[PDB]
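Read the single chain below, which is given as structure tokens and is the form deposited without its partner chain.
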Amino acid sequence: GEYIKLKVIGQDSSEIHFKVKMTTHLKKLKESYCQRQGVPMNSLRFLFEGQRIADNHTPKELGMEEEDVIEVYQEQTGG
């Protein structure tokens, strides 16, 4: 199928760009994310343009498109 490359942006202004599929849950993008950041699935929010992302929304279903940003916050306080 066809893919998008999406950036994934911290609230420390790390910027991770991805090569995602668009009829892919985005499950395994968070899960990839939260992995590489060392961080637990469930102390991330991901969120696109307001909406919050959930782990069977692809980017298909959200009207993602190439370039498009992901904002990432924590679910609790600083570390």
Given for the second form:
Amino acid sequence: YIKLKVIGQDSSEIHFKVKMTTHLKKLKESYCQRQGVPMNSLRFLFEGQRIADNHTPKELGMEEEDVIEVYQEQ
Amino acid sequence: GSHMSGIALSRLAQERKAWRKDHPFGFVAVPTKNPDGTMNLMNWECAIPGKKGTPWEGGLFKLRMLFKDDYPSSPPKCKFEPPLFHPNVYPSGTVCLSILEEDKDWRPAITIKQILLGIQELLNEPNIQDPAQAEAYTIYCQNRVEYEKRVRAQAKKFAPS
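Could I have the structure of this protein in the form deposited with its partner chain bound, to go alongside the form deposited without its partner chain above?
Full assembly next; the chain just shown is listed first.
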């Protein structure tokens, strides 16, 4: 598993835990759920590049305490 | 391999480590990869987001950071790519700033976060006393309304697609 911090413009700090190989698609939908807004109403970025659903934390080379920014999808 | 990069590579490794864990929102700082796929800590591709409430707001300006063998004794070379319209940015794209000068305000202890935040403040708070380019300077000084359009136009042209 791995620890990831999801932050946004409003500084909303929400931490998570997901396996190193788990489909990031899940957490993508998860945050939208935890929050309370439509799925395609938020965009997730990491190291600049946008995070795709079929992506893998092992592919992105993510690590503990890492951060993932979230911007209202436009 | 640059066997003369021992100290820098060490310092850049911890620099990258500290950035991942915590860095300003909207910013980007990642090392480039070598011909094959090796991580090149001596050459970073960064991104500075325009500050909110300013004509730069919403823009995401890219610049490359280049470190020399003697770093952190000497500061990295910063250059916006492509060149940016701003009075303290040379036509070549090189950014003019005090903390990026060895003979001035640069201290080996200055972080990449500090450099990037320093450059972000320079965007909306230029230094007309020491202009790097003629055009942006002349416009800023002779027609600020026009200066604002250019900046807003530039911010729109570099907004995250």
